[PDB]
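For reference, the chains in residue letters:
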Amino acid sequence: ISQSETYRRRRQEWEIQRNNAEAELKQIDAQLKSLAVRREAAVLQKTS
Amino acid sequence: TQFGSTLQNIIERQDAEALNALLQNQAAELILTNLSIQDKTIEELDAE
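Same order as they appear, the protein sequences are chains A and B. For the first sequence, the deposited numbering assigns the number 2179 to the initial residue and increments by one for each residue that follows. For the second sequence, the deposited numbering assigns the number 2034 to the initial residue and increments by one for each residue that follows.
Wrong hints could be hidden among the right ones.
Unchecked claim - Calculated pairs, BS3-like style, for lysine-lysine (alpha carbon to alpha carbon, straight line, at most 30 Å):
no.	chain 1	residue 1	chain 2	residue 2
1	A	2211	B	2073
2	A	2224	B	2073
3	A	2211	A	2224
4	B	2073	A	2204
Because the hints were derived from the structure by calculation, they are not lab data.
Throw the hints in and build the complete structure from the sequences for me.
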């Protein structure tokens, strides 16, 4: 029983570590949106 | 000679005001780009 509970808590760690990486690549996707707007401002500064 | 001095002053003064109208038309065209740059500044903060 202790071995099967160790594997349950191990899976719960993996669920948290997956949700950290999932939230982080949602964050980098939003941070590539922000950089795409910065590049459009730098192009408008060039044509200025 | 007095007509020539008067004519010389009018030529100087039409070129000072042809330039002055040129500088304001250039300032009016340049401010449109800075409005679009500032829109990308606000759009960046919405992405942030």
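The hints, checked one at a time:
Taking the CA atoms of residue 2211 of chain A and residue 2073 of chain B, the gap is near 12 Å; set against the 30 Å cutoff, the hint holds. For a cut-off of 30 Å, the pair hint linking residue 2224 of chain A to residue 2073 of chain B stands: about 14 Å separates their Cα positions. Taking the CA atoms of residue 2211 of chain A and residue 2224 of chain A, the gap is near 20 Å; set against the 30 Å cutoff, the hint holds. The suggested pairing of residue 2073 of chain B with residue 2204 of chain A holds, with an alpha-carbon distance near 22 Å, which does not exceed 30 Å.
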